[PDB]
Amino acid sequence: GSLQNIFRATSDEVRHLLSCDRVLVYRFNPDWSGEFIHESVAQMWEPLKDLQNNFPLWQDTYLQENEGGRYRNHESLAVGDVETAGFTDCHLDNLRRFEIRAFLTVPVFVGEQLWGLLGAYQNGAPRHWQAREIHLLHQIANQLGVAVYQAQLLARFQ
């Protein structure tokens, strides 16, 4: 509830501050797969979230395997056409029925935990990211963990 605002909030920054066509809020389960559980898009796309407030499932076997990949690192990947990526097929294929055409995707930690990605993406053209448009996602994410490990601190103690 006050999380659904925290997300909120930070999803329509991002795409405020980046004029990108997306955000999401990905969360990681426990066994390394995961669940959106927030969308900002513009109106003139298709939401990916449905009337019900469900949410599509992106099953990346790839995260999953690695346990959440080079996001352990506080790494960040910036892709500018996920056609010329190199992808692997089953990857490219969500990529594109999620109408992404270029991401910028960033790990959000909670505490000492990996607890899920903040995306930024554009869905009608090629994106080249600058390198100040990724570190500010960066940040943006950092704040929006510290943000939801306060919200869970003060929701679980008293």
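The term rigid core refers to the most C-alpha atoms you can superpose between the two forms while keeping them within 1.5 Å. Numbering follows the first chain given and starts at 1. What changes on going to the form deposited in another entry:
When two forms of a protein are overlaid on their rigid core, residues whose CA moves 2 Å or more are considered shifted, and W58 is one of them between these two forms. Once the rigid core is used as the reference frame, the Cα position of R27 differs between these two forms by less than 2 Å.
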The other form holds:
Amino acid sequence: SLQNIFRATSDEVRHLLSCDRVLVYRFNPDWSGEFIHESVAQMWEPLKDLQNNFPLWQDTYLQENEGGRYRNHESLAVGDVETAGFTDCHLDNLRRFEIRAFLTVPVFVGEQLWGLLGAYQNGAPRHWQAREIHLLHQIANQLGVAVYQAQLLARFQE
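Rather than the form deposited in one PDB entry that you just supplied, could I have the structure of the form deposited in another entry?
Next comes a single chain, given without company.
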């Protein structure tokens, strides 16, 4: 349904970026959220297993700030988490999952922030390129459309 769409999308980013993990995050109406889909290289445990054994610092930032920078269509592009100046808790979280560089972009459904699309590299910093960021935005835009049109089709319910 939307599941094979998330799967197709997540696998597409992972291959085009040759990264370690790709995640789709979905917001709730109160701006809490969760990761609802992953594509991950064979090397690494699924997120869900990590989450069940490897505790994290609580992270309520996005929720408290109703989507944070994503709300204004901004993205995060991080070549090295170790030099980025994150809070200690955020770095410690990223470190727990061996994330060393990542990209995170907004996903808009209609004109509302629906989620995030994240791409992660473990173990070594990255020199992200503009065309990689551009392609990630294109994919994120297409995902938004797909979800938007699946909502419209649901709305068609008689």
